[PDB]
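Undergrad: Now for the letters of each chain:
There are 2 protein chains.
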Amino acid sequence: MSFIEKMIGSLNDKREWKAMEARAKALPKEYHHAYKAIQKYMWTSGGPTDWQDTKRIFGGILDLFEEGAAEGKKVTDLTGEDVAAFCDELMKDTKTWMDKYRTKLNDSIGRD
Amino acid sequence: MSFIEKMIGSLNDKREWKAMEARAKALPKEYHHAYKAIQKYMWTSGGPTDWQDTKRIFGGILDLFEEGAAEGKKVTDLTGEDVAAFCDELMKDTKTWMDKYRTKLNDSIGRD
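Protein chains in written order, with the numbering used here: chain Y, 3 to 114; chain R, 3 to 114.
Be careful, since some hints might not be right.
A pair counts as met if it fits within one copy or between any two copies, since identical chains are not told apart.
Quick list of in silico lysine to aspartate or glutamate cross-link-like pairs, DMTMM-like style, CA-CA up to 25 angstroms [said to hold, decoys possible]:
| hint | residue 1 | residue 2 |
| --- | --- | --- |
| 1 | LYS27 | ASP101 |
| 2 | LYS42 | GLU7 |
| 3 | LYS75 | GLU7 |
| 4 | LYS94 | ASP109 |
| 5 | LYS102 | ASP90 |
| 6 | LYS42 | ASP90 |
| 7 | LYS102 | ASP79 |
| 8 | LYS42 | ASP114 |
| 9 | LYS97 | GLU32 |
| 10 | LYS75 | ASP114 |
| 11 | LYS31 | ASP114 |
In short, the hints are calculated from the structure, not lab data.
For reference, chain Y alone in the conformation it holds in the complex:
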């Protein structure tokens, strides 16, 4: 039943989210703050559009952050001070909501 399968998928997704939130909380303050700042940035139209891609992107950020925190590195030693540019390289082959809106616009107008 898709009704049930969707509900279970949501349980699973939210459980993975919770675990990812915990990974970020385990990091030092500056890293946890940076992760939350990047989340806000990604929860815009420059961000990923489904759970699969969100999981991949933020899980990668966490992997990088865990290595850096373990070496006592600063966040901006990893990402550069232009953190937004880092998010761009990170997202370059991932569909953004903006990508989807460009399609919506173009499909809407069609050959009018």
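Once you've looked at the hints, dock chain R against the given chain Y.
TA: For chain R alone, kept in the frame of chain Y given last:
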């Protein structure tokens, strides 16, 4: 009094908006539809961030659309079928909300 001056600025802005809405409504159906589609696209993070720039951008779209409608041209004869790419050229030197969010992210993390 800034309280009053702000209220009057809003009256003036909304009056200009109304007039622009009327310009678009005067266009043929396909052009009016295209304008509304572009509005939705711009009311995202790829769009302008203040009234001055909104006025400039949409007023320019209206100027173009009025010339094209007068020649019986199709909308996509003006913009191309990739309408999103047209909006990009249109916005290339105008600050977007995404531009502002990149700054917020970078300022938030600072040298952490």
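Undergrad: Next, verify each hint and record whether it holds.
TA: Structure-based check of each hint:
{"no.": "1", "hint": "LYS27 / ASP101", "verdict": "neither (31 angstroms within a copy, 28 angstroms between copies)"}
{"no.": "2", "hint": "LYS42 / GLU7", "verdict": "neither (29 angstroms within a copy, 33 angstroms between copies)"}
{"no.": "3", "hint": "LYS75 / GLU7", "verdict": "neither (43 angstroms within a copy, 50 angstroms between copies)"}
{"no.": "4", "hint": "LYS94 / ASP109", "verdict": "both (23 angstroms within a copy, 22 angstroms between copies)"}
{"no.": "5", "hint": "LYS102 / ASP90", "verdict": "both (17 angstroms within a copy, 15 angstroms between copies)"}
{"no.": "6", "hint": "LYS42 / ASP90", "verdict": "both (15 angstroms within a copy, 24 angstroms between copies)"}
{"no.": "7", "hint": "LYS102 / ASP79", "verdict": "between (33 angstroms within a copy, 23 angstroms between copies)"}
{"no.": "8", "hint": "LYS42 / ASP114", "verdict": "between (37 angstroms within a copy, 17 angstroms between copies)"}
{"no.": "9", "hint": "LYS97 / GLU32", "verdict": "neither (28 angstroms within a copy, 29 angstroms between copies)"}
{"no.": "10", "hint": "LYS75 / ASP114", "verdict": "between (54 angstroms within a copy, 9 angstroms between copies)"}
{"no.": "11", "hint": "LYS31 / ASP114", "verdict": "between (53 angstroms within a copy, 10 angstroms between copies)"}
In this structure, the earlier hints numbered 1, 2, 3 and 9 are contradicted, and the remaining ones agree with it.
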